[PDB]
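Residue-level listing of the chains:
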Amino acid sequence: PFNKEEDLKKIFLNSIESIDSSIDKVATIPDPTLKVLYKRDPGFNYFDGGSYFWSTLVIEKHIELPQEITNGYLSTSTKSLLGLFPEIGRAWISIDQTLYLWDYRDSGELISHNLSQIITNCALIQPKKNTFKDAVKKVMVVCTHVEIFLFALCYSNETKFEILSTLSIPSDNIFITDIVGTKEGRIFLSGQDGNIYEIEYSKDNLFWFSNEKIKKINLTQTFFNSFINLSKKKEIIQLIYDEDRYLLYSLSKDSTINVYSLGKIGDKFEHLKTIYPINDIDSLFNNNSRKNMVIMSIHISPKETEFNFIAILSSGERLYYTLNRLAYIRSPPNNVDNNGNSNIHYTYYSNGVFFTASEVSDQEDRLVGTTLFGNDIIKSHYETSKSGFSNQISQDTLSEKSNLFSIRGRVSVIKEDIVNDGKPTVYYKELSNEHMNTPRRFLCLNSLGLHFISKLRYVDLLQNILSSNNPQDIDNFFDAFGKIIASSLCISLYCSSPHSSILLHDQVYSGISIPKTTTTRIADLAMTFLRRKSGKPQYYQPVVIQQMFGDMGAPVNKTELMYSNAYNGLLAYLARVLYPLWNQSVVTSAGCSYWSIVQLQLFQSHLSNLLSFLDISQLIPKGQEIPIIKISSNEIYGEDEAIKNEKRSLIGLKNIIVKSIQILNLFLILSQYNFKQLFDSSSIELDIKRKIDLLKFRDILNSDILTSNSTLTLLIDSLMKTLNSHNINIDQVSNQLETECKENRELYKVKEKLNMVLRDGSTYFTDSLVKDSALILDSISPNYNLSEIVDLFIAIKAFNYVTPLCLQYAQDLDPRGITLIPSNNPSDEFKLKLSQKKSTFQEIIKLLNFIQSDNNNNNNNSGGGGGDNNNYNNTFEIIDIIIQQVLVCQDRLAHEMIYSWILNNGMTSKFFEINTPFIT
Amino acid sequence: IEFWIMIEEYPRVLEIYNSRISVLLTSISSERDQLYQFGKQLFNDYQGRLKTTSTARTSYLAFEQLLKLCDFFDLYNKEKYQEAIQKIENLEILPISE
Amino acid sequence: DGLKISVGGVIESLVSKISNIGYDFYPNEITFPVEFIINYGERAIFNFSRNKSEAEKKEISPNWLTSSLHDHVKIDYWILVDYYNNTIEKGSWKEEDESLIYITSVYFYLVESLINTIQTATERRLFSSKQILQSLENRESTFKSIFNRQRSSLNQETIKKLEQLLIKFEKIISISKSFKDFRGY
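Protein chains in written order, with the entry's author numbering: chain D3, 155 to 442, 510 to 852, 871 to 945, 987 to 1021, 1027 to 1205; chain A4, 785 to 882; chain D2, 1391 to 1575.
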């Protein structure tokens, strides 16, 4: 036959294979440098739209310098410096001998600290482990002309701290130029002598014959050079530590760069190479302005790239290095002047974002900001371009958008801000976590204040291209990024809008939803352009272009299905929402969850707003059944079946969204009731508990399709028993566990309560557990085994509740009165219901014969006394109550059954004490 | 309103609240600020019920607009004009461009 | 590449052709004869759609003409309801079961639009009028008679498509009656 379970289970599994195929696209996105590593010649691939809404950088706010610091500038006698410590959320400024730490977060808190000596440079480093009190979250290093100081930043909470001086050591008159640290707490210094130094500091004395707890070492003074001054070195002008490769770098005042290993334990200082960028450049320009060039700066290239560092020229020309060779050169954009004589003074790079400040007047800098802009790479990884054999051999796949600002006050430092946890995502995969991440903020500190500068996401840049209201720029965007990904971003904007919001019950989960940064006009402009760019699902044939080497039999080419841009955009949104979940285990080998409550709520909010999108977009037309596929004219049946398979696959995706919400919801509920107490106690087998670190969110989604009580049911199994064993209200928690994740549960809790009464006896508590057990049965009527429940009430002797229960359950077997109307042609529904009501009123007759039998058993044993009269009264008074409880019922068949029992007991007196119409 | 909540009659809760807060909306009065904090409680503590009814979605949209209009007049009546502009922009009831 | 105008695309062109001419003309009943445009347009889309697949018959909206005459030409749904009563009473729709099922389905989806535009107590007093109620009950009785005449020849999806319609028509008559007795309170 057709089988609707098999069809749904095959649809669900094919939609899981479709999500695996999309999630491995989200994972496999290629490094764009791999194409470019072998280009000799300068790079110039700058993207622009001719329209300002395409800006990949925006200034968010400016904040001016606090008046203490500004009056400090009006009183500066020799020197200023400016600096940034996002590693504590502070700026720093030093004016001669005073150091200021300023809060650029919305507390404004200034902290001033005075020294007895003019400041040379300042830096912030992670302390050596076990070396201070554990409340010392950071160490600040302050150099002067005469000394170097270690201040422990000792914390009272997360935002405020003590500036505790702990150790000092002389400069030896060595002017310190730069200062860099490690996650082991090593501290390096560069000198104007061209040496690199380290600080041996420790909690307790460095050597058993000494009192040294701080000591300075020269790491680049070879033991013969102290006896032969065979030239000076150069001054060193920058130090950088690549943690992720374990490498120190140093830049010298002739552009010479040196590289040192620190070892994979922080174990060493081991020199590897000197690099000579001006010679490396002139070597290329002799194997196919400039005589004034120097390297201004070095910066790190992300660990995941073959490039290791960038070096930057006094021209905006960027030089991308492997440890082996210079491996790419990149020109500035034409926002740097055609005269070739711009005063570029400051240069910064982090993870695919680049800045140059260049002086324009004594009061203004031009800030040119470029971002790596993935459009061709994103497009060609999702959309198979039908334009075969395009000769990509010369195309420079490092596309950048260039942006431009003018800024009053001299730009003195730039950093990236700590608005995201764990690690920054490498630039060519920002798209994979875009919806989980905040925009990438930068902080630009100058001689007047602090400029806050966000890099836009591809969703935020689509929001600006939609607020332009320009139909051509939105059409340009859809064909620049690809219709699959622009559709995925329109779906993201809808999830960020007010109207997508299905609420959670705030009465249990308070407020934590996706911040609604997208207006209704932008969300349904995005929906309108998503509809206009969708297209239909259609079959095609893959044209396998045969190489001309003979007939020997061809393959049979298949027809294959292209789904719509709306389906592929949904599948490219859903795969990103699930990317952090799908491939990961939900439970640590420590016995706790892998995610936090805030993370679970943010995944829950993405999936609920996407569930809302499916039923508001109308991609699944409401009330249509699963389309039953069978096993000029023919090319109608092509779209006729393509549209059936898209509707099937959309239903499969909806079922996976709903079950992904149900799993997140169950792990939220299991988090409240102490997840680890539920996990360690659970009925789950010990060699399953030894492998839950191997069980993924993906594999849990499959686990009930293949009783086999799944791992989720075996945690509900321990939650329900934990609530019971603490006497907690189990029913408040269960209404949630049935709206988010009735009869069958509550029929067990009635049986559980009645098995407490049958264990502990009759008392005001257990006799309430009888009242409660009636009201719970009635609230699930008639969906239970009445006779098995009546024998529990009879075993308790709680008789008075059985008559109402057997009458209500008889009403809910026929809530249309069909058995009350006599028919000369009875329906087989009427015959069935009449037999069911006759079987439920037979439980009242079972009770009445039980009570009469107990009376007769006791009277056959009291064979020599008097006092049994009260037992005789109370037994007949309970029988009269059970009679009156049925005489109130309008069901004639209950009446004719009680009348038949009164007559068979010979109790003909009682018919004179009754008046209901059926008696006649 | 607390009595209409005790019987879960959420259409009437939104009907009363919108009717009394609209007449009070711009007023510098104790009843306006008391009813506005009560409305911020009816938001936090009941919105998951107040949005799930098959009637009154427009009465909830109005409640979710009035609880932003009170926040706009809060800032206007306290000279916070840049924050007030940002409240009425993100209310979508006015045009920002032609 | 013999460009396939879809059953959507034929309706999309025809709706645009009717609405954009109606917008300069209405209420000129000489140059925009609404009852004739309905009675011929619905008959031409019936004749075109009859020979199509049971999923080309799922590009077709029931309110394909009836929304656009309100949405663009600003013809009232009350005025459209009696132009469709006139179409069903006067026209050749009484000659074939499949055509009478089609136009009676469009009429009840037009009444489903009207039930989403009714606001006032006065409108609830028109929709509960004996003449509207008795037309709805005649239309349901007619459709329900012809449906059970054809429940032996129709296929098991198109049968369900009509059973899902009957439960709407029974609800529409229930709304004309609830709007009648919400008048005594």
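Everything labelled a hint here was simulated from the structure, so no lab data went into it. Hints may contain errors.
Partner residues aside, some chain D2 positions facing chain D3, computed with beta carbon under 8 Å [said to hold, decoys possible]:
#, residue
1, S1443
2, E1446
3, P1452
4, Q1554
All C-beta atoms, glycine included, are put in the ideal place defined by N, C-alpha and C.
Legend entry - Violated hints, by number in ascending order, as checked against the structure: Checked against the structure, the only hint that fails is number 3, while the rest are satisfied.
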